[PDB]
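Knowing the structure of chain A, use the given hints to seat chains B, C, D, E, F, G, H, I and J on it.
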Amino acid sequence: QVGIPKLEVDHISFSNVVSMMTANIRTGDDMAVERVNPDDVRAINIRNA
Amino acid sequence: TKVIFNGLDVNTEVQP
Amino acid sequence: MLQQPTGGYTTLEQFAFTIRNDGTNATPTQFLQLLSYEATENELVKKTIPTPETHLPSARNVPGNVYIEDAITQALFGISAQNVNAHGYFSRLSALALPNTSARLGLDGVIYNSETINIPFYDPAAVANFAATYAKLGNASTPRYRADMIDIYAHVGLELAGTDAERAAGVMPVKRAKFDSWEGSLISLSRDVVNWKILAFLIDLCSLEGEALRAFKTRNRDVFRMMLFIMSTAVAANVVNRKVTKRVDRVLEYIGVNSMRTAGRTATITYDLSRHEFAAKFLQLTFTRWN
Amino acid sequence: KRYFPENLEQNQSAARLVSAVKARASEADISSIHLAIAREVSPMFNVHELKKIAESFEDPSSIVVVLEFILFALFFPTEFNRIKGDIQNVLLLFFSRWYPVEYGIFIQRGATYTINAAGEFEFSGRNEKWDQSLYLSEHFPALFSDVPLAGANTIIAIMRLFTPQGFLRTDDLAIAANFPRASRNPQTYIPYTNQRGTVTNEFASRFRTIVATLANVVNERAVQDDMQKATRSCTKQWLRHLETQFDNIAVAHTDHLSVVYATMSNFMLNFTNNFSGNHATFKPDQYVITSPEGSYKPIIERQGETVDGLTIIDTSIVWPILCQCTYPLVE
Amino acid sequence: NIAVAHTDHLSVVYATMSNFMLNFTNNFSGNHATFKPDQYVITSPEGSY
Amino acid sequence: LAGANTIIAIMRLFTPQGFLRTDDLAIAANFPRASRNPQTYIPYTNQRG
Amino acid sequence: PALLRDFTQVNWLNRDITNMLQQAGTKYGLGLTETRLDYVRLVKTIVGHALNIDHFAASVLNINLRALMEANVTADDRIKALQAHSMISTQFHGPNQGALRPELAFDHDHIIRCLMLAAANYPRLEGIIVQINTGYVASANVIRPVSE
Amino acid sequence: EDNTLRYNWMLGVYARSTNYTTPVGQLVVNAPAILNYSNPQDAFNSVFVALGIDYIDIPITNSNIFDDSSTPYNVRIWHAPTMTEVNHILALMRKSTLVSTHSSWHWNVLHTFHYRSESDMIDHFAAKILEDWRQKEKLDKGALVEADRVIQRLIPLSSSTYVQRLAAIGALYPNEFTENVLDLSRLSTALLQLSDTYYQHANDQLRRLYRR
Amino acid sequence: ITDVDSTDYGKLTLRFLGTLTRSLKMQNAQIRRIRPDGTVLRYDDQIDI
Amino acid sequence: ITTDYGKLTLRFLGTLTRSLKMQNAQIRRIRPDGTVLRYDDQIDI
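Chains as they are written, first to last, in my numbering: chain A, 257 to 305; chain B, 23 to 38; chain C, 7 to 297; chain D, 40 to 370; chain E, 5 to 53; chain F, 868 to 916; chain G, -16 to 131; chain H, -16 to 195; chain I, 269 to 317; chain J, 799 to 843.
Excised from the complex, chain A in its bound form:
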């Protein structure tokens, strides 16, 4: 005794449950993240790491 998936049958159904989204979840914005420069370029190591 389970639920037969309605995406494969003929006759059209009306009033299904839709996964919505509350106001909390904000998408595609900005972050005021800051930088801190390497201070000196002379003692940087790309060689290996």
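I should point out that these hints are in silico values taken from the structure, not numbers from a laboratory.
A couple of the hints might just be wrong.
[What the hints assert, rightly or not] List time: in silico DSBU-like cross-link candidates among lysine-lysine, alpha-carbon distance up to 30 Å: (1) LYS336(D) x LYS322(D); (2) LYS293(I) x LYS279(I); (3) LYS91(D) x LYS168(D); (4) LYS203(C) x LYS27(G); (5) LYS111(H) x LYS124(H); (6) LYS262(A) x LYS203(C); (7) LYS78(H) x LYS111(H); (8) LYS40(E) x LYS111(H); (9) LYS819(J) x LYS40(E); (10) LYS819(J) x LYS249(C); (11) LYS249(C) x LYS184(C); (12) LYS52(C) x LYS78(H); (13) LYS91(D) x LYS279(I); (14) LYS63(G) x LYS805(J); (15) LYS90(D) x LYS123(D); (16) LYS123(D) x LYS275(D); (17) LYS24(B) x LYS91(D); (18) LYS223(C) x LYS203(C); (19) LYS184(C) x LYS78(H); (20) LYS262(A) x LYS252(C); (21) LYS24(B) x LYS268(D); (22) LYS336(D) x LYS123(D); (23) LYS111(H) x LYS53(C).
Relative to the frame of chain A, chains B, C, D, E, F, G, H, I and J by itself:
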């Protein structure tokens, strides 16, 4: 002058 | 507050594992008869399985409650693309492993901090042994702990496609398994086997004793050979479908030998790097308990 | 302004050590000073952490960062307990890049332990970062253990210069007048006593000992290419000048300011224990408001920063209170 | 005199370059004796490539 | 060669001085790479000390 | 044609709906059905609504939201790509947000498969790749042509 | 002073050869006592924890002093202590250009080979496969050998297509010894012909094995 | 109705998120002690005040 | 039927052609000369 501030800092902007 | 008579929660109609195919709903046993296979000559031999490490991860303090069950399935048989999951609240399990704890594990697949009003949950005594074995699944991506994503798969193929005449000797010829299909096929069994209540099975493995373990393993060696088949097509190298006159077959390249990337792409379920470590940690942990 | 001074900054060996201290300076904002003295006793509900700095310890002039975490640990022994882990994360670079040998045997043991087993310590043999999120659990930062170490006495030495000062007292002027305390027993730190002799002042002499043993670490770091040899000599003109400035503060710091905390420890509203006289073992022991009918609300939680200045503790508020601050000098 | 800048400054602007987006090919030049680039022709069942 | 050891001597004088610095932070950030694994060739060292 | 189970004057039709809808097989519902709570923050996020659309349109809307929420990657894994475009020894301090800022993952294949197809069609394409590169080295002050 | 110490040559000498400009060489400047190891593997382990690096790669040494040409390949030493660690690097070693490892390891740390061009792989892969065919000659008759590892034959991880036909024809020790084979020169050609041989002939399951 | 101001009762305001609101419907809220895990312990007789 | 910094480049580009018959177009690599290799495994991505 180097002034003392508490919270996180604001600079460049990330993006979607 | 359900209890087990040593028949186990699997000896119940509350939750039963049934695949839907053939225009009606059928039990796993009826399905597997369609899987017919031959041989391609690359001997897949059974290795030994190394024992897991006892150390249990710590359930970092967490308010609210996570759906521990969700993730267990949402990683193994998860169909929809699943992104990196090596990180997460995946070890709240261990918070049930200690003797006197109040945290309870409900039905449906949640882990409550305090038993709340109107929620049916498994028996607090038999959920303890399930944790002292599966909470160990928390450290699945910690370096120096992860299992090996190659050798276990040899164990897997000897299970769903190994005629006993072979397993009794520990060696078998690599097979190419093809059953008859319909439309979506492989993807449809995934969207199906996902909602199965896996916890209703695993709990039984760590509790039920020799009397009702030999009898348990006999009626459920098939519910295992079902969530082991789908988990396998997420590995196979090819999925090309042969054609008869009007009929269609879903030949699967090499069940039981593990490659690194899905044959499905679009046709079947797909794994990810973060999931390869996970499937090896599950498959390893479960086999010792089963076998 | 007078902490890069003494004359003699017109020496072209100082030029590097010049800007290092200058770009580590703060201004004597009246309110910013008061907020540091008040945070020492006031109870918290958000797990605040320090304004993090990214600095690879390259030259001998980078000791001006580790010395800042020393001075922040004394004047405030409590308030140092909460951030002992995040301050540890940026301290490991001083034990790895600065001198490499000793860190290799220390991390072999592990970076975190558990205090349980009804006593004893359980060091986990693995390298992990802190993060500050796992503050309220069963994890103590293992660099603050005190445990006598196997093959790096050289590190387990300076790893004692963070030791708490003064005494812990059981405040009675609060419990005798029946003020509500959230802890079963009312306690606090002081945090550095007062004058006992005629002309000794042990608090000033304790700092003199730190300067003495911390000088050898700088006067040993074998460097090359010469520019660090220039700053390796002109750093003692800052290392010794600063210790003389200290002996001119300690009297008005451990007398007029000492009696301030002594009274403030037992106010009407203050109730919890923020004691930190043993960085090896201390936890918040938080409470929770829970109902059997599905409800959950903690007293202390991880969320931060809030829209208030009560998260992210600035560690640069140390240099203005050593130089640009006249005390009543003890009307 | 060029040796100073061509080693610890013009070398930092190179190490950054290999990390940019839109750069997806290997222009490996070490050992001229044996190096050929890769051909990546877009082929079709009919017509030409 | 067996005869001319002068024409071959001036050719081992064209040898490049660099190393294949495989870059993680480009692929850890998840960027497009056409080759099996990313690679580059910067032409200098450091000589910091 | 079920929400009117007791509001129509037409008599025959009324008894029929209140029979096949009352049936022990099917049931009708409307509005808020269930809620998914947050782990660390402890606020309602993904809410299910027994809406009144059709099954063909509602199926498509669920594929989008699930792919957004199962990405598992926060908007903080954005500064790890923002850092691959500066001096090798620089770093950031992320304003932690977590689950309250879900971001869909950056496609690995569709881009490299397309930027290859476009490369053959328009062979002038490298023009604005050698050009975007030359705008970077000029902005970093490495060479200034004095006169000797 | 301690008698139970051995100086680490391989890594130490190489670091001096580059003027310590690299951090792996700059580490040995400040504290040169980092090279004094009492136990193999533990020598390298300390040069990983004190850096945060995952692997150090060393360009190969040439015995001839005057053949000043470019190196064919470069070796790479990974940080790996336990057994469950070895399985991680080898599995991650897939999908990556062309690399090789072979049976056992010297200092108990895994180290892989990295080849420059594909053509300069088969000439090294055949130079090993020749050596093994000799170690199993004395072993097959019973004697006293010393070549530590047992199997010299290289293992092709991520590789091309010629080395597949070359690896299978080395892992069966063809009778062709009494050599015949046309062994002397140029060897990477006549050996490559014998691969096609065992294939389509000769023979029964000997094809089935070469094709296995 | 009784003059008692409520500036922001029942919600938490983070500066990089905005203003998130919680529920206010507790029941028999017996303030008890949390164990490191987070799971509710017991009364704590002999301690807790 | 269906400023952008990109619309400046869409114009700069040679979009005024695009004549490549791509029925079942696939990405492969011809040998040194001109013979389309079968999709290999280890060398190809």
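To see whether the hints hold, each was checked on the structure:
1. Using a Cα cut-off of 30 Å, the hinted pair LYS336(D) and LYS322(D) holds, with the two alpha carbons roughly 19 Å apart.
2. For the hint linking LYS293(I) to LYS279(I), the alpha-carbon distance of about 13 Å falls within 30 Å, and the restraint holds.
3. Note on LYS91(D) and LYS168(D): the hinted pairing holds, with a Cα-Cα distance of about 14 Å set against a maximum of 30 Å.
4. A hinted pair counts as satisfied when its Cα atoms are at most 30 Å apart, and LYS203(C) with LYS27(G) qualifies at roughly 25 Å.
5. Between the alpha carbons of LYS111(H) and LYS124(H) the distance comes to roughly 21 Å, so the proposed pair stays at or under 30 Å and holds.
6. Note on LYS262(A) and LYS203(C): the hinted pairing holds, with a Cα-Cα distance of about 21 Å set against a maximum of 30 Å.
7. The hinted pair formed by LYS78(H) and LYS111(H) meets the criterion: a straight-line CA distance of about 24 Å does not exceed 30 Å.
8. Distance check on the hinted pair: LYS40(E) and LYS111(H) sit about 27 Å apart at the alpha-carbon level, within 30 Å; holds.
9. Among the hinted pairs, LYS819(J) with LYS40(E) is consistent with the structure: their alpha-carbon atoms are about 29 Å apart, no more than 30 Å.
10. Between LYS819(J) and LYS249(C) the CA atoms are separated by roughly 29 Å; this keeps the pair inside 30 Å, and the hint holds.
11. In summary, the hint linking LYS249(C) to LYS184(C) is supported, as the alpha carbons are separated by about 12 Å, within the 30 Å threshold.
12. Of the supplied pair hints, the one linking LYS52(C) and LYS78(H) holds, its CA atoms being roughly 26 Å apart against a limit of 30 Å.
13. Distance check on the hinted pair: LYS91(D) and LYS279(I) sit about 28 Å apart at the alpha-carbon level, within 30 Å; holds.
14. Annotation: proposed proximity of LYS63(G) to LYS805(J) holds, straight-line Cα distance about 28 Å (limit 30 Å).
15. Note on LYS90(D) and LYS123(D): the hinted pairing holds, with a Cα-Cα distance of about 13 Å set against a maximum of 30 Å.
16. About 28 Å separates the Cα atoms of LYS123(D) and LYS275(D), which keeps this hinted pair within 30 Å; it holds.
17. A distance of roughly 16 Å separates the Cα atoms of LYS24(B) and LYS91(D); the hinted pair therefore holds under the 30 Å criterion.
18. This hinted pair checks out: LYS223(C) and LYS203(C) have alpha carbons roughly 18 Å apart, not beyond 30 Å.
19. Restraint check: the Cα-Cα separation between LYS184(C) and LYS78(H) comes to about 28 Å, which is no more than 30 Å; the hinted pair holds.
20. Of the supplied pair hints, the one linking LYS262(A) and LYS252(C) holds, its CA atoms being roughly 26 Å apart against a limit of 30 Å.
21. The suggested pairing of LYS24(B) with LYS268(D) holds, with an alpha-carbon distance near 28 Å, which does not exceed 30 Å.
22. Between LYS336(D) and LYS123(D) the alpha-carbon distance is near 26 Å, which keeps this suggested pair within the 30 Å criterion.
23. With a CA separation close to 29 Å, the supplied pair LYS111(H) and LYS53(C) stays within the 30 Å bound.
Violated hints: none; the structure is consistent with every hint.
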